[PDB]
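Undergrad: Here's the letter readout for the chains.
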Amino acid sequence: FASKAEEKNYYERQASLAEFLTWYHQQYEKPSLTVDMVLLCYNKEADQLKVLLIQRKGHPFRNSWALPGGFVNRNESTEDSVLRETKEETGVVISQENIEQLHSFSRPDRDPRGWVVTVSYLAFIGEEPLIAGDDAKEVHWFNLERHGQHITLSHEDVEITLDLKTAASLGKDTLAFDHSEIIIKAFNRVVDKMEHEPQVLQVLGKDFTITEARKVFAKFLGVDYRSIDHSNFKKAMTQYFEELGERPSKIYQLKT
Amino acid sequence: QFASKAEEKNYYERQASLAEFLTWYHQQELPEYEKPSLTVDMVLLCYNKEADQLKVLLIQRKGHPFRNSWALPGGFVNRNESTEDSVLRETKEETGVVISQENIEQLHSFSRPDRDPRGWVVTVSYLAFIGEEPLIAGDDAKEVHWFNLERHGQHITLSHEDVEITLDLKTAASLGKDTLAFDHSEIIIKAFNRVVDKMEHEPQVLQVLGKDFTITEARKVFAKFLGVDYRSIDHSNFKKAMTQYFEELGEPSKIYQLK
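First to last, the protein sequences are chains B and A. Under the deposited numbering, read the first sequence as residues 4 to 30, 35 to 253, 260 to 269, first letter to last. Under the deposited numbering, read the second sequence as residues 3 to 253, 261 to 268, first letter to last.
With the rest of the complex left out, here is chain B:
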């Protein structure tokens, strides 16, 4: 060959596949590839919808809260990495039945250290898992609630407020990277899906009563659960449930 491409043209257009791949491997820039997870649980005893956050110790975004997540390994899909990273983080075994790919975040400077693309996922964890204390990391299941077009993620005196329409983060307590966009994407995804695909009810664990399911919907709607008519709820939603069994209240499971 007389130069660079060339060369490029012969291997792509005339050579055999094997011959192409050999030349290809012997030699565009590449991003770091990660996953981030909006892990949702429900605490039946507090009647609280919760989402996991970890404070960064830790420039960039020192003292901002971040979603859990991590690097995708070469031999796994991002779905595989979510199952692995969630187990590492929380100790809970989920399957892909428990996750939903949300959106890929790729603003070239989203991480100012270098080129990092993330594939974000919602995952429904069941009951709130315990965290054994560790001063090396600030990690809590934050209460999640909604008022009108805003959501609040709180833990003690930490209060994070997000606009569901703009993704704007409104208080002194902040989220890292583009995690506020990820979190509202996840919230709005559940809101727009749940009436006709209530996967979100897996936050109730292995079974649920209709009233429990109504409480979950109320949290995402930003209303008092007493204001959701129980009967019209039951009627609309029961085509998605399978009766398990049970003074004793009737229990259900999602069908699939």
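It should be emphasised that the hints constitute simulated quantities derived from the structure, not laboratory data. Positions of the beta carbon are idealized from the N, C-alpha and C atoms, including for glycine. Among these hints, one or two may not hold up.
With a cut-off of at most 25 Å between alpha-carbon atoms, the simulated DSS-like pairs for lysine-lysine come out as follows [claimed, not checked]:
no., chain 1, residue 1, chain 2, residue 2
1, A, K226, B, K200
2, B, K64, B, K144
3, B, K37, A, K37
4, A, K37, B, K200
5, B, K241, A, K94
6, B, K94, A, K37
7, B, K200, B, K179
8, B, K200, A, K172
9, A, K200, B, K268
10, A, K213, A, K241
11, A, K200, B, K172
One side of the interface only, derived from the structure: several residues of chain A facing chain B at Cβ under 8 Å [what the hints assert, rightly or not]:
no., residue
12, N80
13, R81
14, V124
15, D141
Following the hints, put chain A in place on chain B, whose structure we already have.
TA: Relative to chain B, chain A alone:
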């Protein structure tokens, strides 16, 4: 000054401003690890009214991997570009079609570790509903065509001339003469099922109808995705269930746009 490597790095992470963090950070010898190539692929759907034909744009690849196979248009994202920017640039370079950001939606990212014979390659796919534009091949496309797309039960067929690609809507199994490059059969099935899943409560797909439409046209689009005769979708029940997403004006039947 420092002392140890450990002391230096947490002074910059934990004490320094962001500013100095970031000035210090970019001058460091960063440990190396494997990274994927990042690509984008685009599912362009239109609808011909006279023909009652859903169509999907495919290109015939001129270079390896999958030389001469039909494929979605797509390509490598550059470091200084979001995937959104990149898919719009690749679609234009490869097909001649100009779409705006507001008119694409991200569909799904495919990351199966062996989906590309080049090695670790991850794709962010996109979906858009557009007119049946004139097409011009870019250099890497031997041909570019609007393929006829038809649903038959749980299968869809993409056809152009003697090319025939038939996909199973539940397994992405490929039953036809021709086989899509890469994992593009999975991507087309994902796009097709996403529209079926969304159109009843978010009818963005009616964009293929071009800014105004009757209830009969909307029914005909819905039936092409459902794989039924439009006449089996009651006009009066459809008018009532869907109007909430509609506008427009009149008229000796009514014209609507999406709102």
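Undergrad: Within 25 Å, alpha carbon to alpha carbon, are B/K241 and A/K94?
TA: 49 Å, violated
Undergrad: Next pair to validate is A/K200 with B/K172; report whether the Cα-Cα distance is within 25 Å.
TA: 20 Å, holds
Undergrad: Holds or violated: the hint that A/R81 contacts chain B, with Cβ atoms closer than 8 Å.
TA: Status holds, d = 5 Å.
Undergrad: Are B/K37 and A/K37 close enough, with their CA atoms no more than 25 Å apart?
TA: 6 Å, holds
Undergrad: Would the pair A/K37 and B/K200 pass a check requiring their Cα atoms to be no farther apart than 25 Å?
TA: It is violated: about 33 Å lies between the C-alpha atoms, which goes past 25 Å.
Undergrad: Sort out whether B/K268 lies within 25 Å of A/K200, counting only the CA atoms.
TA: Roughly 20 Å between the alpha carbons, so the hint for A/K200 and B/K268 holds.
Undergrad: Is it true that the CA of B/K200 sits at most 25 Å from the CA of B/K179?
TA: Not OK: B/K200 and B/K179 at ~31 Å, beyond 25 Å, violated.
Undergrad: Is the hinted pair B/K64 and B/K144 satisfied, with a Cα-Cα distance of at most 25 Å?
TA: Given pair B/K64, B/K144 holds - Cα atoms ~8 Å apart, limit 25 Å.
Undergrad: Under 8 Å is the threshold here; is the Cβ of A/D141 close enough to any Cβ of chain B for the hint to stand?
TA: At 10 Å from the nearest chain B Cβ, A/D141 fails the 8 Å test, so the hint is violated.
Undergrad: Holds or violated: B/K94 and A/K37, Cα atoms, limit 25 Å.
TA: 23 Å, holds
Undergrad: Run the distance test for A/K213 versus A/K241: straight-line Cα separation, threshold 25 Å.
TA: The given pair, whose Cα atoms are some 17 Å apart, holds under the 25 Å limit.
Undergrad: Below or equal to 25 Å on CA atoms is what counts here, so check B/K200 against A/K172.
TA: Satisfied, since the Cα-Cα distance of roughly 20 Å is no more than 25 Å.
Hint compliance for this structure: hints 4, 5, 7 and 15 are not met, and every other hint is.
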